[PDB]
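Only one chain is included here, represented as structure tokens and corresponding to the form solved without the DNA.
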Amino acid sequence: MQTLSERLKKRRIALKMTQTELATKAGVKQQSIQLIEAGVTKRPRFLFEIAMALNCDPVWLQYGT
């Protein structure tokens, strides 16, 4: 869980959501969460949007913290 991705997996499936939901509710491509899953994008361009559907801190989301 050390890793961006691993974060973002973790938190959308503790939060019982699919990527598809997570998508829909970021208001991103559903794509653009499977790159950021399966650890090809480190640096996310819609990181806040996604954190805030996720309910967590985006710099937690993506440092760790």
Second form
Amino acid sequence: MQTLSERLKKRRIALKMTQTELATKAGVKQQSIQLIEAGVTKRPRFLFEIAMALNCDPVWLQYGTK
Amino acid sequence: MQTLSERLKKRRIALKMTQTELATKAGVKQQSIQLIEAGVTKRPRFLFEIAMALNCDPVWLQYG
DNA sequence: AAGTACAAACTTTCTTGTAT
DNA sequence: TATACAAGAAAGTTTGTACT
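Requested next: the structure of the form solved in complex with the DNA (the form solved without the DNA having been shown above).
Next comes the full complex, and the chain you just saw is listed first.
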């Protein structure tokens, strides 16, 4: 009953990644990862480019489990 | 194929729907979809939703 | 009518700059 | 070195309509 911001952290934290390694594995600016993480951004448009970076299912990041 | 556009049309039609029909099930605006196929929307926000009306795969729909 | 396009307005996301 | 906040610019979505 998670947020997307919660999945980004746990994931990015578990791949032991800074917000700038992730921000950049995925070609983003770190400030963009932050926002998603902040609860600020809710439908990142780079949701696929970043899942690649986190190596996770885009649909899981975006939406949760069941 | 190519572009998101090429992939979006083909399949709409082939699914046999119209912008307004899709868009109404993707449940966005006929217009949002016009811009996509039109090649102006490079990265939909309703993509899991569009693609899910068309009934496929977002990755597949987005890219391939 | 039926189906698709075209355009400003309004919104959400991503960046250019620091601050902490 | 890592993360966070603030305006504004870019990408998308709606609102409204014109054309075939």
